[PDB]
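Here you get one chain, nothing else, as C-alpha cells; it is the form deposited in one PDB entry.
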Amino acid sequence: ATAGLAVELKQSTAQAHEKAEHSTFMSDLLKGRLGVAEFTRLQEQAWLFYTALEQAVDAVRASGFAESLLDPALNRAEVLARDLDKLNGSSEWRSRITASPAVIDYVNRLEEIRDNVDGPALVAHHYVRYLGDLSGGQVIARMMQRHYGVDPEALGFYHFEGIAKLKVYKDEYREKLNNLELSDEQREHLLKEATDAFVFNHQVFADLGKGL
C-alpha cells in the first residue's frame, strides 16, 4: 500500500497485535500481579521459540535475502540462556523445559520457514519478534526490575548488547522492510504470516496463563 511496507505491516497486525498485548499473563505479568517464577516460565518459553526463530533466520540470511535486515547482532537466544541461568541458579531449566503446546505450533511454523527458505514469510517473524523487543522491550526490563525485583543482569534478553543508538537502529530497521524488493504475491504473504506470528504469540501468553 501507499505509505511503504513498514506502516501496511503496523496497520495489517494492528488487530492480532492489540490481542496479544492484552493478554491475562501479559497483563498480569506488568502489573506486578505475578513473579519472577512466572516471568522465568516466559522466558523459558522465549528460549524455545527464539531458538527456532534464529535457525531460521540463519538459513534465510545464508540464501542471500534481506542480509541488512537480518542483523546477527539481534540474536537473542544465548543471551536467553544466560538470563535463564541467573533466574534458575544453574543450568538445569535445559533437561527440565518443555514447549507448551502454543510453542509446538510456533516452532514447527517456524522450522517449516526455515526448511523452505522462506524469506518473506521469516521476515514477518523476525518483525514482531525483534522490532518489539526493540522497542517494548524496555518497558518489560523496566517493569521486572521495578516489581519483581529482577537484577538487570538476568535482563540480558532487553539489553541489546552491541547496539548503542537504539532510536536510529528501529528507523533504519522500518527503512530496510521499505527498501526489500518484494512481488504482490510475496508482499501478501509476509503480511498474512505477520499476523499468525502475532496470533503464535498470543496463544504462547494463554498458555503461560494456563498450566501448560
Second form
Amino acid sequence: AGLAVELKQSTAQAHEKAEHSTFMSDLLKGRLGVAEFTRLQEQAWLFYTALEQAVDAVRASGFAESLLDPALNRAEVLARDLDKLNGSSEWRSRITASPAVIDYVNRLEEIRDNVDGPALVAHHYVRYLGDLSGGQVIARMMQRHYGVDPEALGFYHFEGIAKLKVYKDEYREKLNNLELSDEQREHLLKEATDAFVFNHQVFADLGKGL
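Alongside the form deposited in one PDB entry that was just displayed, please also present the structure of the form deposited in another entry.
Here we give the lone chain, stripped of any partners or molecules.
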C-alpha cells in the first residue's frame, strides 16, 4: 500500500487507544472542565513549539518541502488561545513540561539537530493530519461540555486552508509520493508509532492525581 494507507493502518490501534485514554476520555465526555483543557493546551504548546523548530530545519534542508506547509503551524495560534484561556500572558514563562513532554520535546530536538527528514514527516503526520482530521470534533466537545468560546479554540481551525477535505486528500497524496529508501520508510513508520506513544504519555501525565 501507499505510505498514507500504511501510516493509517499501522497506527489505527494506537489511535483507538488514545481515544480511550482515561484523561482524554474524561475530558471529552465532560467529566473535567476548562482548566484541565487548558493544562492540555499548555503541554501541547510546548511540544508544538519543538515540533515546528524541527519542521523548519527539515524544510530548510529541502526535504518534503511541499508537505511542510507553514500554514499548518500551530504554536502561535495555541499561544493566542492560551492568552484567552488563562486571562493573561504570564503562562508563557510559568508552565513546565511534564515528564512525557520532556521526552517528546527531546526527541523532536534530536530530529531537528539530526535533520531527520523521515522521522520529522512521521511526527508531522501524527500531529497535523490528526488536527486536520479530528480537531473539529475535539473543539466541539470543549464548546458543548465546558462552554469554551470558539475564540479560544483557534488551535482547531486552520485559517490558511480553504478546502479542508481537498487539503487532506492532497496531504495523503504527498505522503504517497514522498521518495523514501526502504530504510527511510521503515524509520518513518517506526517513528509514527513512537509519536503516538509520546502523545499517549502526555495524557497519562495530565491524568495524574485525578
